[PDB]
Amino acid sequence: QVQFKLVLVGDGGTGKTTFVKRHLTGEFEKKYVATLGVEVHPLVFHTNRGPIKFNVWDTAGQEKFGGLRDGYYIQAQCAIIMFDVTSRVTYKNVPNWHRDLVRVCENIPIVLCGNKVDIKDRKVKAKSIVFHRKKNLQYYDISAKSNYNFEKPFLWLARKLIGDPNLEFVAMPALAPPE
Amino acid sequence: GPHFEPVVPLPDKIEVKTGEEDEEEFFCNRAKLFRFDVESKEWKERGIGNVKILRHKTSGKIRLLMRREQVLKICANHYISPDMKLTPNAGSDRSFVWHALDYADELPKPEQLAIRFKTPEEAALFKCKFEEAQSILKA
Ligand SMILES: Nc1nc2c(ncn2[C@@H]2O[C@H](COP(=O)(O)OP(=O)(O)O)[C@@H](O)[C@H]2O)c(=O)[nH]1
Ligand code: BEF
């Protein structure tokens, strides 16, 4: 079994749980139910090199969970930092998310994601997203609503942790169903 | 750009195995799939990608198969039964609903499913092939 620990961080309301759920079942949860501490969810992908699993640590974004998530971060091999392209405060808080990650695990591959690009008018324009440039992180515009780039964070991280930059997601083998 | 150390022994490339090499396609088309949540009593999205109706070349069994695009996870996998009924949505000629014992999560789950196509032409070919698949069994 080949797997990785992934901590998912970002302000409350950014779409972390929604993103995880979308991968997990296909659903798009309209409601906002704040995550209580952390939810650990397995996500399996298939590739030209075999099955891989991300053990995703879906952490709550509220400040009060600051002390606990330092414990969540121990042994994390990668992370996604989520922000909301609809809420300027959430891009403004990104540097603190990065700082919080790097002070517990130094040189781990990290993706910055600007969720919610489906909404017609961004409050955070493309040209204001620059943090990934100063910290040499991988960036993606994403949307848990429209699936836009929604596989990318996992592929890119998969490529880095596995050590194969040409790694490709392949079709999940279709086992024979019930009867 | 920058380089990271891989945290795992780099596994060998494997031959691409779909699970479908023993079947032939009757129907292949992209669609949007929904699954009704019994508890909340609402439709939930299940996936977007290609629906396929496949017949096993030896057993003659016919199933429905759907993979989510980009991530390529299965979001529907069940044998078509003569007992199944495709029921158009009120006022909609782009969608149908049916019940199935589905194996997408690799676990047998009864589900009611909705499938929507972009053009009513795409839907009609699905109905047609779906129901034609059902022409087997008996006589
Ligand atoms: N328009 C839009 N809304 C989203 C998207 N992703 C999440 N949301 C909404 O934003 C809210 C975020 O909730 P949640 O995911 O629990 O936030 P978390 O604290 O980051 O887990 C939910 O209402 C989602 O429906 C997206 O891509 N587009
Ligand atoms: F309120 Be969240 F799940 F950071």
Given for the second form:
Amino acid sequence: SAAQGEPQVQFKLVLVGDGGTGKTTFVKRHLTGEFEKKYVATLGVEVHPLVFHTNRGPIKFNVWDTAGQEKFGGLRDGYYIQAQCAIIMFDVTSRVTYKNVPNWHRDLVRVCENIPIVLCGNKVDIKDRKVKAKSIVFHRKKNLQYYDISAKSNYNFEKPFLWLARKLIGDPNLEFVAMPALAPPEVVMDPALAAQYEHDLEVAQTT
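What would you give as the form solved without the partner chain, now that the form deposited with the partner chain bound is on the page?
All you get below is the one chain by itself.
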């Protein structure tokens, strides 16, 4: 409402995927979320409060980043519980990480039925891409939205969050009116390559 003292609009977002796919690098692009992060000892999670500013006011995604436990097993129920949305990440330079996406999805939806989920293929700044648009099909039968991302270049950073916000708020016309302050790109995502990858996804989607 148009008054001070209102409860903030916030959502628990779980960020899952194989170790080394770039989950932590991704969440850390949002500078204030990194400054304000909190480590929860009982679960071994760092929660990053990521505010985005929409045409309908601020929305916060409390992004749960693992403390690396996915490197030696699955995540505990306490990690997933009460999640309102999720991002499943893989690395487009490592086919195995895409092959493991169905396992992550299974584990997630066992605890969180029917939440909105974005699938992200990270590291698209790397020239030698292994998992290409043609091969990325898992999202279709599971109703996930897919985006290519590059955490190191901020490429497509806001896209998963905008899609999730629209689904969560029930507003297909929601827009982000200003970008959050992001760590500046460490590598430049080549614009021609970005355009080609976007076209490749479009062609794949129409089959």
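Superpose the two forms; the largest set of C-alphas matching within 1.5 Å is the rigid core. Numbering follows the first chain given and starts at 1.
Asker: Please determine whether the C-alpha atom of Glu29 is displaced by 2 Å or more between these two forms following superposition on the rigid core.
Answerer: Yes; that C-alpha moves by at least 2 Å between these two forms.
Asker: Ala60: after superposing the rigid core, is there a C-alpha shift of 2 Å or more between these two forms?
Answerer: Yes; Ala60 is a residue whose C-alpha shifts (by 2 Å or more) between these two forms when the cores are overlaid.
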